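Listed here are the chains, written in short residue letters.
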Amino acid sequence: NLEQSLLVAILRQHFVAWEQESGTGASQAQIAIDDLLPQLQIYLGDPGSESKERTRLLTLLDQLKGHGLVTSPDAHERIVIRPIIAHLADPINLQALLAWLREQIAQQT
Amino acid sequence: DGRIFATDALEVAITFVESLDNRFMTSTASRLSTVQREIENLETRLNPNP
Amino acid sequence: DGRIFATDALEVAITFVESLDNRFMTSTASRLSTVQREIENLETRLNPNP
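Residue numbers (this note's numbering), protein chains in the order written: chain A, 117 to 225; chain B, 21 to 70; chain C, 21 to 70.
If we strip away everything but chain A, and leave its shape as in the complex, we get:
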């Protein structure tokens, strides 16, 4: 779903940045959970309760791990974006979803 898709887009951007950093390196394309809060905050809003937004973000991350795109949060509040992400946010799929999103934006009228 499209909230999961927004989070997927953020994770894909982080994944490609990490890939640039390390070529392909190891499978450890890691990110700290606290960094997702500033980003996703802009979109889903700001209910003003850090705990509430953290719960929402962790629910989204858990649902994504249900699809296997991110390891569950660990003791260090860090996760490894599973390499599978590259083939779900494949630029072709990205263009398809982007065209559909432009369609919906037009429908927003």
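The hints are simulated quantities; they were obtained by calculation from the structure and are not laboratory data. We put the beta carbon where it would ideally sit given N, CA and C, even for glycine. Keep in mind that a hint or two might mislead.
Pulled from the structure, derived: some chain C residues nowhere near chain B, Cβ distances all over 12 angstroms [unchecked claim]:
1. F25
2. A29
3. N67
Which stretches of chain B does chain C cover? Using the computed rule of at least three CB atoms under 8 angstroms from a CB of chain C, they are [stated by the list, open to error]:
4. 34–47
5. 56–70
Mind docking chains B and C on chain A? Use the hints.
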């Protein structure tokens, strides 16, 4: 961080109802003395003539 | 006397809504220097030691 805080909006809201009732109002005589001193200082400052 | 006036209650009421919106806030930069000078004066006054 688990610590709740009172938004500035609620601060203004509470500051309103506080001033309402028969109270220790905002001002005192020291208010008038303070404004006297403040006018003195501000005039002596703004005055460009040496 | 035929001249109407705004009760102090309405004065408080209007003073409330005025401070609400994005505004020139009740405080200003010089407020802190004002309180600094006032604390200096009051401390020098209360001090009973000659």
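Status of the hints after comparison with the structure:
1. Every Cβ of chain B is farther than 12 angstroms from the Cβ of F25 of chain C; the closest lies at roughly 19 angstroms, confirming the non-interface assignment.
2. With a minimum CB-CB distance of about 9 angstroms to chain B, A29 of chain C fails to clear the 12 angstroms threshold, and the non-interface call is violated.
3. No Cβ of chain B comes within 12 angstroms of the Cβ of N67 of chain C; the nearest lies about 16 angstroms off, and the non-interface call holds.
4. Under a criterion of three residues with beta carbons nearer than 8 angstroms to beta carbons of chain C, the stated coverage of the region 34–47 of chain B is upheld, 3 such residues being counted.
5. For the region 56–70 of chain B, the stated coverage by chain C holds: 3 residues have a C-beta nearer than 8 angstroms to a C-beta of that chain, and at least 3 were required.
Violated hints amount to a single one, hint 2; each of the other numbered hints is respected by the structure.
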